[PDB]
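The form deposited in one PDB entry is given below as one chain in structure tokens.
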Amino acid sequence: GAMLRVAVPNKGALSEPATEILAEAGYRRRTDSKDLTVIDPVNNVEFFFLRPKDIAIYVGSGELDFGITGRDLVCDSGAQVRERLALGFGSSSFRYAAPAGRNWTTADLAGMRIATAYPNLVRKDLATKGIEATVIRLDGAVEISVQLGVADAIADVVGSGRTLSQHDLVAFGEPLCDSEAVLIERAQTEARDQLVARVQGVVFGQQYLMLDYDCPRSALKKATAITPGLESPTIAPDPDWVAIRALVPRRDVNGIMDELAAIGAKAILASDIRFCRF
């Protein structure tokens, strides 16, 4: 019916992967790389390209139907939005951190100057612990704030952890947020579900591999525990053996394959896939 309005990051580390997913999903790409909008007349969707912080606000306020942004940003925004899908890129860990030497606990955070780019996120986490501290807002590069003499500890996005160790800092406590890129919606229904199914179909193509193997009937129980599938594993025969098909995660596939080999599975074969409509 009415044209759907979808926002994607214009720039930075969440942009290229997001525009890759949208192109794989069949959506019309931008005519020039300096465009901040594109209209796809075949699929009836208008795309806007914005800074990630603004994406959460305008899904929240209803000016956009969907957005792609970081989970941590959403956690920090306090916008009226629900996470509709996890996108499998841009992943990071949000962590308390402080100077090395002392053994640090969450309890040590009391009465401290804490620097972060995500003040609402942090204020909310401190309230759940019952801790009063003074939270200092930076725009980024927050892990030099303690060498700069503006803070005692930090709360910051961590990827590898190289930046922390290169600056003599140790992460402590459980992560406040485990972040990855997410498709958000405000907290034309068929069209909305259609878009979600397209995007999910691509994500599943990126995250899962198809496994084919022959397994003994003897071992079938253990095998389905090892490979449950995204959908019900196809199972068919052939004297006492069976042939199996199941989507499995790409991350774990060698470990999965070794376990199957360890319970008598044979002719184990992994292959890529492109899209799902499950």
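C-alpha atoms forming the largest set that superposes within 1.5 Å between two forms make up the rigid core. Numbering follows the first chain given and starts at 1. Compared with the form deposited in another entry:
- Only one of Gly205, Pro99, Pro119, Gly173 has its Cα shifted by 2 Å or more between these two forms after fitting on the core, and that residue is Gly205.
- Superposition on the rigid core between these two forms places the CA atom of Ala18 less than 2 Å from its counterpart.
- Once the rigid core is overlaid between these two forms, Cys215 counts among the residues whose Cα shifts by 2 Å or more.
- With the core held fixed, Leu64 shows a CA shift below 2 Å between these two forms.
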Second form
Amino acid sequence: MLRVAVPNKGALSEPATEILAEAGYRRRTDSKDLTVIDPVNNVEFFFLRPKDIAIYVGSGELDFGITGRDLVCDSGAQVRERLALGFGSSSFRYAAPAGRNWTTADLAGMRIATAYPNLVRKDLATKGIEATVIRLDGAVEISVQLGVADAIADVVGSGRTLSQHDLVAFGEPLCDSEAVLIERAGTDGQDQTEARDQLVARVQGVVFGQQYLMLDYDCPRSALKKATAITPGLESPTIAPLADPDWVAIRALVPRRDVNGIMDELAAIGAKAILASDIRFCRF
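Could the form deposited in another entry be given as well, to go with the form deposited in one PDB entry?
Below you will find a single chain and nothing else.
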């Protein structure tokens, strides 16, 4: 029996449930209750505060959690990052009032407000800089106008929050917010290593599969050699005859980020009815 911690609210909650569903786990019956028991898969899911998930995995009984990479950097927990999940990512920056040409060295002896004080204190220490780091519970950007701090450190999205308070980011970026699957450190006893390996392989199938599309298309046999070079697939393309003997159908996996260039090339050699379909799971 495995126990898995899932974010109960915020930007990571829906895509976390989505990826767990595509790996074949029971979806949350209703957003009101806070556990979901999966008897067929032998897993129980707990919906918890995002900022706490790393502590639950690292000091508690949870085998796995899904949380942001910055929240693991801030927690001080000793957990293993098994997979980057491909969503939720965003930079983490120092920021200060526009129009003063701030640089990292200006932070020495200043007051820096953040919701991630342990992350920031370790970053400054590595750079050899001492400052006064002030923990706040949320929305730190207004703390400069209101006199609590000289600079801040926070997740930045597209900079909307910074510009709305006349702040400019500076310095080298910190530990980012990408969603990760974390695992409790420790070997335990074989029979539990196996159940843990199974969950990781299943989530990995979604993480990998979601990077590709399946292309299906009709192709003249005369253009078949060129098509094979254009879509080599993961092993080699599938080739099947059509009723018309001068034609075949070709099936091949292609990366999402390559798809439109690939289709233009296929169209130019005579390919017709070029179909593209979502992949949600693939065990390579």
